[PDB]
Amino acid sequence: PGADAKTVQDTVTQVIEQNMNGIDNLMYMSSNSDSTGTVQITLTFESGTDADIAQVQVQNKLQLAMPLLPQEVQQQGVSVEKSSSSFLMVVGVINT
Amino acid sequence: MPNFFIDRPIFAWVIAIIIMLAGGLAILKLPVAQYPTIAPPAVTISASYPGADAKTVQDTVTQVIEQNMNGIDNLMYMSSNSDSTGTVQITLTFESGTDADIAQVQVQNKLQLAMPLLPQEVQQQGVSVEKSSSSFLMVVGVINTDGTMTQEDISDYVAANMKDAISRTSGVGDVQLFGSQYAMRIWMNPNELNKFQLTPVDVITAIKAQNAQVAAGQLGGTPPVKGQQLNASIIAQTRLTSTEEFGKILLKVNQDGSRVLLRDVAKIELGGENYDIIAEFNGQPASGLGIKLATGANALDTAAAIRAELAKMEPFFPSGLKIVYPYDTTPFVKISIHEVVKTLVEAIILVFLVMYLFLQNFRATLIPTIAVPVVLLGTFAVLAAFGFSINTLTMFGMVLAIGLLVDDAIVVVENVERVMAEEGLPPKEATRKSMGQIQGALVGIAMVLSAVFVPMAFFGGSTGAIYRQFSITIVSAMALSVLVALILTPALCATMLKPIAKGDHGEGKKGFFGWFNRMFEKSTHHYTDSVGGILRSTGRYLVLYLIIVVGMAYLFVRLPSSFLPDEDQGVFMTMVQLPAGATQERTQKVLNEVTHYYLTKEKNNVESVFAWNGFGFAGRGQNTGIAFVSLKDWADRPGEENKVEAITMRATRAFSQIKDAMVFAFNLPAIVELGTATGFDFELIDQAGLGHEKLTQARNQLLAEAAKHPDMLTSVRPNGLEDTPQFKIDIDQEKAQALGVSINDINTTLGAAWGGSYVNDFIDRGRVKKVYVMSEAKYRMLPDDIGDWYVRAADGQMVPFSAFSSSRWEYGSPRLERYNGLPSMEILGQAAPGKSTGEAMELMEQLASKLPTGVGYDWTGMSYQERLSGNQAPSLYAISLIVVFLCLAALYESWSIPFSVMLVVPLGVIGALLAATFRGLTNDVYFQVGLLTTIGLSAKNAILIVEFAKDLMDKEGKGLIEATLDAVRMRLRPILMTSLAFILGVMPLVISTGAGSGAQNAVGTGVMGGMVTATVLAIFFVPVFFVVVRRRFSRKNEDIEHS
Amino acid sequence: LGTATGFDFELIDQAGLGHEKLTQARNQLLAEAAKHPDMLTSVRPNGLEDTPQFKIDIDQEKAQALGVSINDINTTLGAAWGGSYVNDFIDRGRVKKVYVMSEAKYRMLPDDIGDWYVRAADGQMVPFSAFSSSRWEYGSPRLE
Amino acid sequence: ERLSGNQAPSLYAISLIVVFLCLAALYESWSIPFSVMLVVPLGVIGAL
Amino acid sequence: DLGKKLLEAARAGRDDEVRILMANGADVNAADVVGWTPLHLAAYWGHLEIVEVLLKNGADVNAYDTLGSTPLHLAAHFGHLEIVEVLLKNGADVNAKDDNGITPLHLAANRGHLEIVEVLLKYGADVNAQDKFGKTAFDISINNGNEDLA
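These protein sequence lines are chains A, B, C, D and E, in that order. The opening residue of the first sequence carries number 7 in my numbering; numbering runs sequentially from there. The opening residue of the second sequence carries number -18 in my numbering; numbering runs sequentially from there. The opening residue of the third sequence carries number 551 in my numbering; numbering runs sequentially from there. The opening residue of the fourth sequence carries number 2 in my numbering; numbering runs sequentially from there. The opening residue of the fifth sequence carries number -6 in my numbering; numbering runs sequentially from there.
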């Protein structure tokens, strides 16, 4: 929160990325760090890779690096999700 | 099924081509590697505590992690070591077959729950959890030939520009960097610190404040005010980037107004994260990458891709940056492929020869030339379907199967040639009759051979993983061979063989061949006359058989047994250990001498020396190191004297004269990931409230008592390190309290100065790296330097360390060992000349039982496999005997006639035992699998002999003796043809010298001798076997003919 | 999947270059590609262009002279202009976060920087203007 | 794309060979299969 | 040559090999990088007989390391009563001070050896000697709560 793209990339993004080795069937990795204090790091695996195996190896590697992130980033909760699934539906909520 | 394909020879051709298509396809896409997964799955937890000692590491890190290592499946045992370099490694080894990814995840999940309990210094260094039982694919070295870089400069270029695109390459998994990336090194000066009234605490606080990155919000930030027009990121502070910016850190504005800058109390330079390892390649500074193969990955394609991507970086290298390759398994693998293929292609040639010698037409020589490769190719497709790879064990399992696949082709063609000759039938009608004579036996042979080779695949541990590679490879090729013998080869016999006139045995041919046919006709007559003679007095030869059996027993009990032959791998190891307390500069001169030796006295042989100063294979410390010797190509080291074994002896001998050190060289085991093989691996455990001192005691007790049985144990010794003198320094809590000097100010001053302190991160050329404060070397070497450090009291006075502290000398461990959570010392050692390791252990157990109460023990590593796997071979092969008998009982429809086939077993076994004892080889896995292939081929010969005789009495009414001599007459030529080609085909293997010849000698010798006696003896003995068995179990009218 | 049409290209800094030397070589590649409209069309970036950002510098000498600590400065600036997660409260039985942040009107324009004070060790309120300077510069709002 | 262009030719060269071999088995001839495989472009041109 | 083979022979407690090395003219008073003599080793580890074979062979009984500690310091610190006696009977300085001013009485009084304290006291151990912090053997005892030593 409140961080800029450079601060996000250089206290969070690079720290996580340097710990993304020893992971099986990894095709490529890409990330963006922006001025909203938000960083997203996507790891894409070969077709046929067990998605649950991939996520667990990512989470296991991302974890070893959690003690090195700023407390403000840890307190916000670093999420690790399967992101290549498509959308089933979008629900909107309004008050008339 | 044959008849269907005699009538449709293009259908049978199409199935063979499709089988060849799948096989050649599988070859292109199958993983290739030196060995499959043999070592049991192991997971290693690594953690680092900078500046900490072995005791501090073990008691704030190791024990904390170990107590949380429960609730984990298939765990075999756990061991760890904590040493004075602030390094801890905890290895968990699981049962063979455990999913390595499942094991690592359960380890990581358990290690994690304990992370909040580790010191922040250990957490900040990163606790790694890796699969560590994989072997090395290659070792890359990096040097600068312009001489313009220290190893830290190289190590940083490797990390920043090389290591990650290497971890991205096709097929690689797990890469280890030699050294570290750059660390911002703040080298403190204690005199200048005291003169400005500053401590390391004020330095660290200044770096943590002025080398920081600040989240500062946004102008126009959300939620904004109505009508806001500007939105912009507010950039407040950024990480520093250079030695100069760190230099002008404002520590203190003095009373007069002068500024205390950081460069006014410290030297500042990019350096290494750590300085415990000196790495030298041919005496020059170096960094590199240790690269491992990912599970089930193609080693050939991974190394080739790696060498291509370094070639995609070399233009962008700084000048003089040179890539080098001290280790790479790829060439030794390619030589193995080449040798096995050469053995196969020239075994095909020897069959074309022996085919043309006995059958004398280029038409019958083609059939086995087609069938054998069809089976060979197709076996690869079967291996793909079951998940196997192309490795040393599978490739050698295919050459050990050559004799069986060849016999299937010979027996089918030779029988059609004989039926045509003895009856004048046309090829199509003779092929039909010949297949009716053997197809039931071929099927029954497939079941018997299954029962011989399949039980192998159910041994446990690393050795069961080895046998299973041969077991599945040989059964698959065998099953395919029979299928081909029932589909393709009868179709080929009916369509390609030309008719032979009835009674024509070629005795009227001219020249060499006509002379040959007449002589073999004479020899057959002598054979049957002989066998007629032996059959008249069978009790004499039943005694000869008993002597061959008792002798085979004596030769078996007398022959030593081993694991896998040592191979000249083109590299080997030499280890260096100095006495305790020896420094880094002392070990370097030794390594420089070990280095200098190799590049002069072994100039022709050695290509390079990769020396490491800091870690050995007994532990880590300044008094230890190793040198990796990469030889020149095997081609340029001809002769015994230029092999690794000879080069390692001349090394160790000339390192006897080295006084300041203790240096040996040795070869690598065939399976490096396993190591060991020889000797035992023992653990002495503290199980009550004893200590490291009472444990080292009982160890020396056990070591001395074992040294008093040199008839039994030899070279028993520790695996770890001996206690070394350490500087115990005590803080007086009363004085430090009196002088107003805080304990926290004391401990971080001492630790950060003498051990170093990770402070925070800076940013070097866009890449985040660490910042380390540590005293300049000269002010942190000797105990007198302790006094030159001052700490600020609450009032403001500088108080020297001497004013609140005392110190003495004491002894302590620089490397503590724990086994399964309790203190331990590992004790290696082996069995005496001519003694079994199984009985060497029983003495070690007896000696350890007389040790003090509370001291226990346990077996580990290779030894742990033995203690729980000795009961296996008898039962497993008792199951093999029973199924073989039952299958023969089904084939022959009799409970007794099977005995006539099973008695051929020792006939080939004695030949293997003789050829092995002659050549001075060992009972090893290659010898045992060759035993089975020899036993299987002899059983195939006996089965077909017995089936021909029994069918003559059954379907043609002849009596015992006429059928016996008749069957053994028809079977003489096929039995001799196969053995002549096989014995000749295993020829280059028995005499093999050079790379891979360890395994080649192993599969060659035993098979060779086993082949010779099996055929010499069985041609005479199984005619005896059938007759004596058919006489004991009989009821009425069997020596006389009947309608 | 998205995509389907066209290509997807990445320009990478592989030596010690920077975001500035990289955006340069990108515009080089983008302009040269725009000079082959027979071949490539609509080549462009996927990300964001550099935007003006407010670089504000803390004078370590003055803040040290006025007895105002750096830690007091940075958490005052960050929590006011960026916001700060502090701890958790409990809203109708459900645990939720607590955020401190300046009211909007006092954190919009650079002139608002002066209206924030920090306590020295002696007890005096020192305005931000007394230990800080600032300029305009360009920076990336989304680094790739 | 960059790692999957070599695929379609080999994959359908394998398809041709197995089709021929199967027809060679059905007809018991190495030549008569050719009479069947030549129909391939007849429908392809209509789709194109 | 043999001054090194003796330190390790005296650290290991190998009697005959010490006796053989004394016969080989090995220096009784050889010292390693921290100043520990074969008597230092034999006193630290508790080998009486090698203390007796070295002293019988002219071993310096009052050798001090690079921090000032003596074989009596080690033997009195670590409870080897018989070696504390054998050192003292052969002229061991009972009041020797290391670079911190610690006497064998200070050491034996810290860990709670009641016998070694008495044997030192008989052989004229200064009850009131002080370390660099002014502490005596009595101050140690009331610190440890050892009512017997007090």
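Note that these hints are calculated values from the structure, not bench results. One should not assume that every hint holds.
What the hints assert, rightly or not - Distance condition first, Cα-Cα at most 30 Å in a straight line; then the derived DSS-like pairs of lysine-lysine:
hint : chain 1 : residue 1 : chain 2 : residue 2
1    : B       : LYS640    : B       : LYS584
2    : B       : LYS229    : C       : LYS571
3    : C       : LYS605    : B       : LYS751
4    : B       : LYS176    : B       : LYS759
5    : B       : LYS709    : B       : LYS759
6    : B       : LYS613    : B       : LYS323
7    : B       : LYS207    : C       : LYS612
8    : E       : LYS49     : B       : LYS716
9    : B       : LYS939    : B       : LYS503
10   : B       : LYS176    : E       : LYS125
11   : C       : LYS585    : B       : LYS293
12   : B       : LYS189    : B       : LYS759
13   : E       : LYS115    : E       : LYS125
14   : B       : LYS689    : E       : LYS125
15   : C       : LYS612    : B       : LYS248
16   : E       : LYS(-2)   : B       : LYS36
17   : B       : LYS36     : E       : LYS115
18   : E       : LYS128    : E       : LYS49
19   : E       : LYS128    : B       : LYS759
20   : B       : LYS112    : A       : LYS88
21   : C       : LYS605    : C       : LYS585
22   : B       : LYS483    : B       : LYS503
23   : E       : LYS128    : B       : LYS716
24   : B       : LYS189    : A       : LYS67
25   : B       : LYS709    : E       : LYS125
26   : A       : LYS67     : B       : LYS939
27   : B       : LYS112    : E       : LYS49
28   : B       : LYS229    : C       : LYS605
29   : E       : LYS128    : B       : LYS709
30   : B       : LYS751    : A       : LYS67
31   : A       : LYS67     : C       : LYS605
32   : C       : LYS612    : B       : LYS229
As the list claims (entries may be wrong) - Have a look at the derived ranges for each label pair, beta carbon to beta carbon:
hint : chain 1 : residue 1 : chain 2 : residue 2 : range
33   : A       : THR48     : B       : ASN212    : 26 to 36 Å
34   : A       : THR48     : B       : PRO97     : 21 to 31 Å
35   : A       : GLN61     : C       : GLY597    : 18 to 28 Å
36   : B       : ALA286    : A       : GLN61     : 18 to 28 Å
37   : A       : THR55     : C       : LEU579    : 27 to 37 Å
38   : D       : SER36     : C       : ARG576    : 57 to 67 Å
39   : B       : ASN172    : C       : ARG576    : 31 to 41 Å
Ideal Cβ placement from N, Cα and C applies to all residues, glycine included.
How the hints compare with the structure:
1. B:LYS640 <-> B:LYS584: Answer holds: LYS640 (chain B) to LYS584 (chain B) is near 24 Å, not above 30 Å.
2. B:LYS229 <-> C:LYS571: holds, 27 Å
3. C:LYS605 <-> B:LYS751: With Cα atoms ~25 Å apart, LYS605 (chain C) and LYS751 (chain B) stay inside 30 Å; holds.
4. B:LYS176 <-> B:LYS759: Measuring from Cα to Cα gives roughly 18 Å; hence the hint holds.
5. B:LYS709 <-> B:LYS759: Holds, because 21 Å separates the two Cα atoms, which is no more than 30 Å.
6. B:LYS613 <-> B:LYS323: Holds, at about 24 Å.
7. B:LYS207 <-> C:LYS612: This hinted pair is violated, its Cα atoms lying about 36 Å apart.
8. E:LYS49 <-> B:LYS716: Distance of about 43 Å is beyond 30 Å: violated.
9. B:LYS939 <-> B:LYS503: Within the cut-off at roughly 24 Å; holds.
10. B:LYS176 <-> E:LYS125: Roughly 25 Å between the alpha carbons, so the hint for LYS176 (chain B) and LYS125 (chain E) holds.
11. C:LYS585 <-> B:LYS293: The hint holds at about 29 Å.
12. B:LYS189 <-> B:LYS759: holds, 26 Å
13. E:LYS115 <-> E:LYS125: holds, 25 Å
14. B:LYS689 <-> E:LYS125: violated, 50 Å
15. C:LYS612 <-> B:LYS248: Distance ~26 Å between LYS612 (chain C) and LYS248 (chain B) Cα, so the pair holds.
16. E:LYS(-2) <-> B:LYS36: holds, 29 Å
17. B:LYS36 <-> E:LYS115: violated, 38 Å
18. E:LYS128 <-> E:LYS49: violated, 36 Å
19. E:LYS128 <-> B:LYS759: Between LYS128 (chain E) and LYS759 (chain B) the Cα gap is close to 33 Å, so the pair fails against 30 Å, i.e. violated.
20. B:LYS112 <-> A:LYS88: holds, 25 Å
21. C:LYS605 <-> C:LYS585: It is violated: about 37 Å lies between the C-alpha atoms, which goes past 30 Å.
22. B:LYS483 <-> B:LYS503: Holds: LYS483 (chain B) and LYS503 (chain B) sit about 19 Å apart, inside 30 Å.
23. E:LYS128 <-> B:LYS716: With a Cα-Cα distance of about 11 Å, the restraint between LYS128 (chain E) and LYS716 (chain B) holds, given a limit of 30 Å.
24. B:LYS189 <-> A:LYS67: Measuring from Cα to Cα gives roughly 27 Å; hence the hint holds.
25. B:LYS709 <-> E:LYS125: Cα-Cα ~17 Å, so holds.
26. A:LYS67 <-> B:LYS939: It is violated: about 78 Å lies between the C-alpha atoms, which goes past 30 Å.
27. B:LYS112 <-> E:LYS49: Violated - the C-alpha atoms of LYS49 (chain E) and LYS112 (chain B) are around 58 Å apart, more than 30 Å.
28. B:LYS229 <-> C:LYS605: holds, 20 Å
29. E:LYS128 <-> B:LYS709: holds, 19 Å
30. B:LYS751 <-> A:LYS67: Holds, because 19 Å separates the two Cα atoms, which is no more than 30 Å.
31. A:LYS67 <-> C:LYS605: Roughly 35 Å separates the two Cα atoms, so the pair is violated.
32. C:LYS612 <-> B:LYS229: holds, 15 Å
33. A:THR48 <-> B:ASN212: 26 to 36 Å: holds, 27 Å
34. A:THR48 <-> B:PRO97: 21 to 31 Å: holds, 29 Å
35. A:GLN61 <-> C:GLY597: 18 to 28 Å: holds, 26 Å
36. B:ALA286 <-> A:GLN61: 18 to 28 Å: Cβ of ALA286 (chain B) to Cβ of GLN61 (chain A): about 27 Å, so the range 18 to 28 Å holds.
37. A:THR55 <-> C:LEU579: 27 to 37 Å: holds, 32 Å
38. D:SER36 <-> C:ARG576: 57 to 67 Å: Holds: the Cβ-Cβ distance is about 59 Å, inside 57 to 67 Å.
39. B:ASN172 <-> C:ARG576: 31 to 41 Å: violated, 52 Å
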